[PDB]
Amino acid sequence: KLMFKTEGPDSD
Amino acid sequence: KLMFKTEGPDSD
Amino acid sequence: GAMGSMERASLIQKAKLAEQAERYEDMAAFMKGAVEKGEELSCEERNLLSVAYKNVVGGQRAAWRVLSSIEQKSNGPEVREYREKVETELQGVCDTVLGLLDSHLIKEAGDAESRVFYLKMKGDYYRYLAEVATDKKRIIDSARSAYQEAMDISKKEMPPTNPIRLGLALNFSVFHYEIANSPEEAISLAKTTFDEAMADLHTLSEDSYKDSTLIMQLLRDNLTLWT
Amino acid sequence: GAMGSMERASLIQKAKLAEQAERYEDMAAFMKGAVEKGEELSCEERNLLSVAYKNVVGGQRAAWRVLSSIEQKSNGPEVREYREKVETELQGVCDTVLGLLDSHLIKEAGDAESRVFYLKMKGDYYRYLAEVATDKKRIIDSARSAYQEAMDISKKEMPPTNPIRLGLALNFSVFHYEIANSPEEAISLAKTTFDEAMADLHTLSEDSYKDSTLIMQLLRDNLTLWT
Ligand SMILES: [Cl-]
Ligand SMILES: [Cl-]
Ligand SMILES: [Mg+2]
Ligand SMILES: [Mg+2]
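First to last, the sequence lines map onto chains P, P', A and A'. A prime marks a further copy of an entry chain.
For any residue, its number in the entry's author numbering is found by taking its place in the first sequence, counting from 1, and adding 381.
For any residue, its number in the entry's author numbering is found by taking its place in the second sequence, counting from 1, and adding 381.
Under the entry's author numbering, the residues of the third sequence are numbered -4 to 70, 78 to 136, 139 to 231, in order.
Under the entry's author numbering, the residues of the fourth sequence are numbered -4 to 70, 78 to 136, 139 to 231, in order.
Keep in mind the hints are simulated off the structure, nothing from the lab.
The C-beta atom is built at its ideal place from N, Cα and C for all residues, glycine as well.
Hints may be right or wrong, so weigh each one.
[As the list claims (entries may be wrong)] The following label-pair restraints were derived from C-beta to C-beta distances:
id: 1; chain 1: A; residue 1: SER0; chain 2: A'; residue 2: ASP97; range: 22 to 30 Å
id: 2; chain 1: P; residue 1: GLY389; chain 2: A; residue 2: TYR213; range: 15 to 23 Å
id: 3; chain 1: A; residue 1: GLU161; chain 2: A'; residue 2: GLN67; range: 43 to 51 Å
[What the hints assert, rightly or not] In the DSS-like style, the derived pairs of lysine-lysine whose C-alpha atoms are separated by at most 27 Å in a straight line are:
id: 4; chain 1: P'; residue 1: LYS386; chain 2: A'; residue 2: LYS160
id: 5; chain 1: A; residue 1: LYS195; chain 2: A; residue 2: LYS160
id: 6; chain 1: P; residue 1: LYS386; chain 2: A; residue 2: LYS32
I would like the entire structure built from these sequences, with the hints used as guidance.
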């Protein structure tokens, strides 16, 4: 899936 | 530490 | 719990060590133990809490999406079973974080910086629940309610460049876009947030400027893909 | 154990899914359960077993080295305590793998490809124990003994390009260099292994050639740093 930017660690 | 090459997943 | 016998200061120290070791499940367990000591958390400690659980749930979300994609392509029980296993573990982590916020981080958070931080976290972990939900509507409205309360406070109490306010607006916009199926709300929120921050950058030191523009770049990244 | 109620085939399938999800602790638990069904493992299944535990212990080794480095620089009890926690978990994983090999993978492995694979694994996980040991000598000799038996079989039963034989020689050379403090043995083993493989590449298909030269590159990488 295309994940959009959210706050903090891009851990997924 | 300098880790030398060992077999398989360089998981460390 | 299992951290009940360790000093608060020792739990915080070990959370920092665990972060250095990239041991995020340990990091989360240490910070859970710290929260359960019952004292309010400092700014640094709140960020340790958030970093720890964000990394744990992030790995679970990524695994869940892999498995869900395989499941949908395959539509024996093994794929569904294992997706459910990961999903249940993910929900358990989200429930744990929501339990800490409800008992009793939010109610004891008097300041805007703490209360907004925790309400944003509450929205975030309801949003992660929503990503896997199929009570879906009530989970979504719980996320919305938490984000909205945090937004209301942040607009009254924080400057538009405040990194907490900015990260909140970022995440609420993503909630709108792909959880609430409100893409125009998402776009409007991200645009207004970016513009009002930009107009306030002139008030900031170089260090604060770097903090704010980092999150503004994330708003623009999303807007570029949404428009 | 906890996997006792799941079909062997379902455990193997879920191990493959867990690998795709990068869920290596799950992957290891599934393959532990598969081993405990009591049947010998196929080539693919052995490699699933190895990949799973290699990834788990790899994360633990990396965390242990971070913490050990911090501990040594700092020379309160928290750093030592947390290093010990990780160390104990690492030793538990190694003991688990050694238990599977001893009960009863090695004794039931009749063929060279299986027996060498398992004896190499036995050397590897004693070597990981040795990395954190301070019984140190007996752990080292257990690693040596396992590697040596695997070497003897591999030289009698496998061609010098066999990837299992090559990965064994690679790992035994690293054992020599930094566990046994025998750098000249390490260099000699890596050189002879590389040369004898090179002289046998002409017998291989393109696919086997790719397999063998991949491990030969690792031998040369080490030799470049050792000489
Ligand atoms: Cl399962
Ligand atoms: Cl500890
Ligand atoms: Mg992401
Ligand atoms: Mg390595």
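Here is what the structure says about each hint:
1. A/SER0 to A'/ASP97: 22 to 30 Å: Roughly 26 Å apart at Cβ, these two residues keep to the hinted range, so it holds.
2. P/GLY389 to A/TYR213: 15 to 23 Å: At 19 Å between Cβs, range holds.
3. A/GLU161 to A'/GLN67: 43 to 51 Å: Given range 43 to 51 Å: holds, Cβ gap about 46 Å.
4. P'/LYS386 to A'/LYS160: holds, 25 Å
5. A/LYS195 to A/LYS160: Within the cut-off at roughly 19 Å; holds.
6. P/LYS386 to A/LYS32: Measuring from Cα to Cα gives roughly 33 Å; hence the hint is violated.
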